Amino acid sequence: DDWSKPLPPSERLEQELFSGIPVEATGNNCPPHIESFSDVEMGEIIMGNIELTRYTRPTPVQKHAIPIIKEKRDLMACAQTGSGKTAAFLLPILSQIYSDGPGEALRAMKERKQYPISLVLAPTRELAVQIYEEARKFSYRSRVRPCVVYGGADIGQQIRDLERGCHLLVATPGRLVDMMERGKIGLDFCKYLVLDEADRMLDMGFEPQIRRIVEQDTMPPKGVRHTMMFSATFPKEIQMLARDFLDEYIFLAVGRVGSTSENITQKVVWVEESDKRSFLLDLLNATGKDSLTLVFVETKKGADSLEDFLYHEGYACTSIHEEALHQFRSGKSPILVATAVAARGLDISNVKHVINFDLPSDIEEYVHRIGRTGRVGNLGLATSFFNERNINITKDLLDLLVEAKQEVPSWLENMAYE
């Protein structure tokens, strides 16, 4: 029917949901920013829900991004967490879907598989649920039904959830590919693609899954679908990702934005192989309570040997190469030993200290690894063990450390010069 007319209100559900800076824009014909939500026609359903959420004026990122998405322009937005990114894309997306109906395709075949009108990819369960929870608020009294799926949980409840109707899907890339392989999700009619915290999604190694979802299946190509990318940082790989995924897009800088995470203190120490375990014990002994430590080693056998060592020294630790992660979630075993390939696509959360026991051969991988720590709330630590085996990344590491404005070892530079 008409999706602009609000359904009758449920006050039980109303209680459940609603009871709780410089910006530069670059691109062609960028729509003017708004000062007020009413400065754009977002319809009765959205405006009603905005009042219930007790939001008055739009945040800086919302002031610029909303009229941009409203005009169906692709968006590359560089903004930090807590900016109000979620409502910045949810509000105008849901608005359009209220104005436009479900579409000719959905209306022509309404009679397992669900075809979401909008897809929102997120790196973690935490962020996905936050986006979903706000999607519920703004979809209140509407015919749009948001669903959320993520890894590290029973896929059965999620599948049964999808079957009950899904127009907007919030998903972690890994679980989504699982849903597509099971024929439970089709992307044929996905007109709104949002990638939230894309730099973190690449840090966790979701890029093949992301390119599998966007470029290798049935999702409409750029210029047909409308795509929005949100990233706190703008490194090379994000730039290339935006070039691939976005079409004639506006770039948004909602403040200071660079190539590096900003919230990671990087320490590079020279440690010979035979001293690494002793140096590691010293680090662990200086590790406070409450703190979760992540330790990267290069090979699988290395992880095995290191884990055995730590247990024999009486350290509460677990390894990855299930969920050795409730053991890590909780802090039963606050030390996680892992290879990069095995931590890939896994939601390793609240790591305060990352230790590169072994360094990788590619500087890109180093950035992904240290990205496992650091949030706007608290500064994260990345300690890396370096020796003659890592000489061939000297120049690239040095270059990263200066760009990240980190302390540079007085010897690191001298060995690069060779």
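Positions refer to the first chain, counted from 1. The term rigid core refers to the maximal set of C-alpha atoms that superpose within 1.5 Å between the two forms. What changes on going to the form deposited in another entry:
Each of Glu35, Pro31, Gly27, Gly258 except one sits more than 12 positions from any hinge; the exception, lying at the hinge between rigid parts between these two forms, is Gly258. A rotation of 17 degrees carries the smaller rigid part relative to the larger between these two forms, according to C-alpha superpositions.
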The other form holds:
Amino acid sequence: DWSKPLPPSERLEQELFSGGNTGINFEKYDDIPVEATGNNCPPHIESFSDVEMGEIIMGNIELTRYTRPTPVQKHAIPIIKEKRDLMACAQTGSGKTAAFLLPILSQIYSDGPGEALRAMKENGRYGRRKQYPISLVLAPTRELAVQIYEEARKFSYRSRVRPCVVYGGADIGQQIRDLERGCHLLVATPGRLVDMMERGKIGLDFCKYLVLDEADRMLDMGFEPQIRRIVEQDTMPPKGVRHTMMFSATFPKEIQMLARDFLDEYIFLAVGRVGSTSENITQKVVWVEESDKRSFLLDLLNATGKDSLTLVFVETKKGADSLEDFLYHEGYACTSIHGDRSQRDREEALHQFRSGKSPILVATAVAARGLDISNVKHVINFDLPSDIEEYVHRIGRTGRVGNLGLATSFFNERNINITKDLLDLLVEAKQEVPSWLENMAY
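Please supply the corresponding structure for the form deposited in another entry (the preceding block corresponds to the form deposited in one PDB entry).
This part shows the chain on its own.
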């Protein structure tokens, strides 16, 4: 019914498609060993023309300048087209978002809204036009939710499918009003989705496509209850009925087994070693006592100041506030993003950083996962994380779609616990290994 497009608008085509910046090593993606585990896994394609993507999908693909698919896309677009549950891991900045957004949209174009939602184009209470989304994508932070919502808007162009997004901090009424205009695909962070549901504005009764982006994060001790409250404890179709996809660049074993409570006869994609980094990212680790970090940071900022964006991670919200003040008063064009900032300031910070107006962003891990920003060329771990997975995700903000990047990290007493893991990751990444780091790992 819906695979036939609608009139275009050059206004929106300019407002949506930037132009895309494919990296120099976009072809080295083919050098990566892919693993597929499970019953009757469909074959991996090599071109977007190897399967039935609607006229809409191929048109919008040729708008974003995607030449040929990435490994995870080649393997996962069919699996989701085959309506199978999926757990996929692929390196940071390797195209997972489109890997789950293209097939879902193609399938909703073919299958249409279904008998269920076609049975509600006759009536509806005024205002209490609760929306029944077909698909739900859940992400761990607000800005990542919006980034995915925007990618959705790009791919649902000239289609009858209209996506929305709901997330905390923002005005609740504006989101309600945007829902009432019609929600088919819903991106959300957990708390605001539960708030919408307990207000009777959203219902998961016809939700047949579930996505957990940054899945291992959505399944930690803090998010597992909320994921259950949305999936198990409410009106969402259970496994086997709904189709559950989980994408991450990391999956610890324990979390990979906990994720089974939401999956049914699933494929397991592994585009590389689960938890591996891109080769395009040069990793430098330097010893820095605490009392010296600031001075040391300054030197880095004075060097890589060409036309590149620099992202600086710290471990607390107070710390981000304190450094951002320090750098501001030392004359730098900077902002910060952390939890204690209002959502307006938070998104504005992200915008200024993305547009170059403030090329230095001090950040807590709100920005560790999921965000891709063009021309981010240096990533600085002012504070190291406590585990190697947070580290992989952090340094993944640079060196994305084949482009190269630098990642410098401050190390000292407080970081002893990570030594071994960091050391190991340096080896398989083919990176310089500080000798005192080896001697520190016994």
